[PDB]
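Okay, here we've got a single chain as structure tokens, the form deposited without the ligand, with questions on binding and movement later.
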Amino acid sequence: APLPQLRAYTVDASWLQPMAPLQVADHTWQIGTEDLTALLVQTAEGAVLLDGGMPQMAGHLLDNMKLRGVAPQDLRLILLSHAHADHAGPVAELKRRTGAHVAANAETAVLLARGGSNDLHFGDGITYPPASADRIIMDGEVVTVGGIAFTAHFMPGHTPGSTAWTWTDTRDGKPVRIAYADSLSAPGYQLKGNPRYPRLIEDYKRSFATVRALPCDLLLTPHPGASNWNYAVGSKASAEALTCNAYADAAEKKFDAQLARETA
């Protein structure tokens, strides 16, 4: 009776479907896949990448950056929503090939440093190549690259270091407040009485109100389905997108229903 073999982290085929760079605003572009968000912000002093998706997406991300006229050495900063393999996967490889830095809070830094291993809920089942954080950001700290200011908003829940990023871009000169909020789900999490996360419910409830008050004109999520985005239709991608109130209120209803059946 041999010990069980290792099992790889497999996802849906739509999570790995490459797409051409879809434009969100004057300086914001989606360069990930159909069901994984990878935001690129082109500035006058360099590019900024928010999340990266699965670890095997490092090559696809570099191709879309070259399509936007962005050399590897032009990527200046990598920002993360939360350090899971399906979002912070190719961060290690992108640091070696682009010369970019990674800015994340302490909780995301320690999770990214160990490659998602020893997860509070998943253990070692979802492990990705480890990467180090070059700058530790605090709640509400502003990060500026090429004149565009990125403000961090801590929303602990899915991970202790979940962060929503807000910045103001333009749409043919007319400004737009973009808010890239993280996930608010808890797939298979032990919500009540978790020894690894005793204050989990208090963090989710405080994060639901944090998402509601985010300065936002266009909402984006790491998984586009959470905010009712459809990258496949291109022009009509942001047609039925949800607000910050609708996204937080819908996630709280699922949280309370999951918390209620957990006690059953």
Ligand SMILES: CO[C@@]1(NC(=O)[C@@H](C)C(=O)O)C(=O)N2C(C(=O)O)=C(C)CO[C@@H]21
Given for the second form:
Protein chains: 4
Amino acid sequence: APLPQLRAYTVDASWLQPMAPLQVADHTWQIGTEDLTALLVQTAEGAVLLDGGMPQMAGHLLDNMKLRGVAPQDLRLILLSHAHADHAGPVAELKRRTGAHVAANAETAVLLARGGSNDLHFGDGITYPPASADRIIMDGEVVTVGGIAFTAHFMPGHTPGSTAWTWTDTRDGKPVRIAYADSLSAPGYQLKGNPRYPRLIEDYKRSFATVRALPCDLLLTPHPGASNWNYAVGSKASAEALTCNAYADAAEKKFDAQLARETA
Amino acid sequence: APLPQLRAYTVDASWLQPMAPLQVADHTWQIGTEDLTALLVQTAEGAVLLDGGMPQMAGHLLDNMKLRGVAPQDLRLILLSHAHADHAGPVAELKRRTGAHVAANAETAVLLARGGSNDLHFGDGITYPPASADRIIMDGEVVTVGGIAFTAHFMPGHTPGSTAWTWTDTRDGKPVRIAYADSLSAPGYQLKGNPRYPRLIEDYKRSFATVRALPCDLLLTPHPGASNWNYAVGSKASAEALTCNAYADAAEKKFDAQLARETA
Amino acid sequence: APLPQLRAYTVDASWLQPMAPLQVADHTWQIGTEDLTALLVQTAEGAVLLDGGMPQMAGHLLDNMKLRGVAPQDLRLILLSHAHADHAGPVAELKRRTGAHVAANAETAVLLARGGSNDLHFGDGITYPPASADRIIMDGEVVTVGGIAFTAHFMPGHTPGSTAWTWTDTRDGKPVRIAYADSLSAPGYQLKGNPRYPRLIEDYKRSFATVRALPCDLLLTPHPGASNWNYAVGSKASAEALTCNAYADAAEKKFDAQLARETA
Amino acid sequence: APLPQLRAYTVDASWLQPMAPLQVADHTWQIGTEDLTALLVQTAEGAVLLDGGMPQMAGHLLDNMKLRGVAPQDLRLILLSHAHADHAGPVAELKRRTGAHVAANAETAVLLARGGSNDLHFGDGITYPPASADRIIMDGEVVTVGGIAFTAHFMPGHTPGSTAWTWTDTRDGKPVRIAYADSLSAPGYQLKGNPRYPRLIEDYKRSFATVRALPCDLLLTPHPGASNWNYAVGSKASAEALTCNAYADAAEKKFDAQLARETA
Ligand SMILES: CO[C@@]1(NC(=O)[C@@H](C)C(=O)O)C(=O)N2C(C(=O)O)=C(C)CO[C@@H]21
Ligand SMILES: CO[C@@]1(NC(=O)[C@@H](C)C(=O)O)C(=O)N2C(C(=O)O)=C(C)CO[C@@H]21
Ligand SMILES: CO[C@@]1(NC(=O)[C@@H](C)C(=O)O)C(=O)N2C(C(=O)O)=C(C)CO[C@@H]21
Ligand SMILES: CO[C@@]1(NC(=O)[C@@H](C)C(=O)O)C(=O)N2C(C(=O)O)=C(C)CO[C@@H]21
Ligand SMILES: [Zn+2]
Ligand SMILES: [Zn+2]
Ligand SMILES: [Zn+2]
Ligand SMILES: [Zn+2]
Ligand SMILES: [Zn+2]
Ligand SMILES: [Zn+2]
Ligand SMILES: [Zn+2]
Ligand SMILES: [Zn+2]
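Please supply the corresponding structure for the form deposited with the ligand bound (the preceding block corresponds to the form deposited without the ligand).
In what comes next, the whole complex appears, and the chain from above leads the way.
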């Protein structure tokens, strides 16, 4: 009776289904897969990448950047929603091949430093190549690349360092406020009495109110289904997209029902 | 046509076949599995562990230490042959649960810090939970725990930081010189003209002569088959064990034949 | 006209004035200097150290532990108030010489990892030997060593990872609730409109209310003058010590007057 | 009798004496001070910096890069001779302000990671802001930026990770082989029987022969006096510069006389 073999982190095939660069605004592009968000922001002084999806998506992201006329040495910054294998996966390979820097808060940096290992809820079941954050960011801090200002909004819950990013782009000259809000889900998390996360419920509740008050005209999430984005239809992808109020309100209802069932 | 799924590092079942603590000398014990070496050294001032095998062997190692009367807080040091997933796997979990420190050289420390990712030959196919080395060790440096002196011998080749450890134990009062020599194999390595490792052949050749001159009465290797150890038979495990000369000479012949076929 | 020479972090002589182990409770001891707190907690399963003061105090701390019958290998844990050079100074040297582990939150860990460099308010003027945190701690998490439970209380302000620690000791069988609250001062900090710390005022205000509600019978601070401790008189050191209410209330008044003068 | 105050790392004023960009070859520039080398290499695809001198020289280096028409975001790589405070000082500040990556070997990376603390010979007397190496380099590995190939040559001795860099530039179309060899000095080092560095003498001797065989037409050293460079005279700076043979031969004679006096 030998010890069990290691089991690989397998996902649905749609998470690894590549797609062409879908345009979100004048400078914002979706360059990930159909069910995983990876936002590219093109400025005059370089490019910014938000999330990267699964670790094996590193080659696909560079091809889309090549399609948008972005050389690897033009990627200047990498911002993260939260440092899980399905979002910060290819960060390590992207740093070695692009010369880009990574900005994250202390909680995301320490989770990124150990490659998702020793997760508060998943243990070591979702490991990915570790990377190091080059700039430590605080709540409400502004990061500027090529004139576009990125304001950080801490929304702890899914991970201790879950961060939502807001920036103002344009759509035919008219300004649009984009809000890339992180996941508000707790899949299989022990909500009450968790010794690894004692104030988990208080952080989720504060994060619900944080997402409601985000300056947002167009909302995006790491998993596009959470905000009803459908990258497959391309032109009509943002048709049924939720607001920040509707996204946080629906997430809180599923959180309260989940908390009530945990006490049962 | 989606991107490929991640594939888990799977090994032969004998590598994960637990065994009772086999005695090597008065203070040296084999507490790993049948085909993976994990040496425990009991002193009066604490315990020292050499290697740990696969990551999922962390629970098995603590049970054997419990069988030998070693509490988790008595493990004081963790020494490594080389920082691969099948040898330094459970190092991260052991540090969190035992309060032990890890001593390794700079090359093993940087490979251990990124959890085996970005391997010079395997890329990211053999990732394990990352750990941090607490003490950086040089070639020929002595580490002393409870009166037993551990001398490091750098033997680069399999990994840039492959290290052999020598210490003198006893067997019924009579001293015996133990040499835990690292692997001298190059499974699928590009030996000549490797841009990631330009002086690979020069390091292997120097490591062959290094193993021959090791002060050794009893030889052990991370994979027990490399030195003809058979942990299954227990009492007669060291019956057909090789010398340091025979181990390095056989490894060099397989290396030269492999190098000659690579040029073909 | 050459560039300026580096300037060393110099303090008042009383901060470096060694003292004998002063007893705070049955198991709690002050083993630092006269104007710098370094708390030693002796249990049956090991010892815990809270803060260490200046970097050059590493030799003095081990001598006091020797006076209390604590060998270097008995120090099991190192807890921190905040990772500044005058409190977490000798942490790096203590880890190499004691085999102890360090527990801190993500913000204290990243500041400890870069040795106090790139401080949000002091830049690189207060660098100390860097150390690595072995266990990442969350708000309200309990750390247990030898039966004594240490509960963490995040109180950001002086540093982003300022932490207060509470544990219950005894004094002749009678239980006493000890609260080691971190500094609530902001010496020369830009409080309003700080780009490195946008929500600085909101964190201080929340930390003021956090200290008021600490379960505390006896209060201690990293700088003993902040809570009116006088380690010099020894037996009557805790005579005029402040409560948690009086400490947080006085710190908030000095904070409000400082904020009002910054707007002037 | 209080503990001693910290003492700052003070150097001669000429080490901090700024100078205008002196031209070494078509693409190689000296942009450091008069007695500290900091080499800038301008290519079409970016710029490469070799060493940076003292930590307080970060502002001076960016001004010279501005004089050469190099924006901060054009510095792509930072190479190091060895990670001491007087050579790798401003590496941490340069990474935060330029978006550049650092390439070094494992021994230089671990010394750079702890900011020069716990030095094998100087202890903690020469601490500088810590930085992290982004790419780990092996002996003989080639690093290419903008068409210029940088070959690494390990020459351990002054530090365990001392590295010499060779690249081929031009001087009016004619190619010139530049060799930036690291220091071969051992100021106050215990050469024989050093427990922190057992094979110190064997590494110096091997490094002496390594420098002799460097492909070199023009030699440069971190301290320009070691190779008889005089940056002050500008146009005639390379007048009396030594060869690789003369530099290694003179360093070995001073090493042998120093070793013979240590035995006395
Ligand atoms: C670690 O990645 C996740 N978990 C998994 O993929 C497996 C392990 C699973 O839980 O089934 C995780 O958390 N995500 C989220 C999110 O909302 O962020 C949701 C909803 C589920 O998918 C990813
Ligand atoms: C990464 O671990 C190893 N490789 C594998 O397990 C797979 C990936 C494989 O190569 O088939 C590796 O190297 N080892 C050694 C050794 O001699 O050290 C040998 C001989 C083969 O087993 C382990
Ligand atoms: C970095 O250490 C401190 N600052 C200094 O020592 C110098 C630089 C200084 O500010 O004069 C710092 O902050 N402390 C505190 C505290 O309350 O924690 C107070 C009140 C002042 O002393 C230490
Ligand atoms: C740490 O920096 C050095 N040492 C000092 O600056 C002080 C501490 C000193 O030794 O007097 C060091 O080593 N260098 C070298 C070199 O050859 O690299 C020489 C010759 C001396 O200067 C620098
Ligand atoms: Zn997730
Ligand atoms: Zn997810
Ligand atoms: Zn291996
Ligand atoms: Zn192996
Ligand atoms: Zn402070
Ligand atoms: Zn202080
Ligand atoms: Zn030096
Ligand atoms: Zn020097």
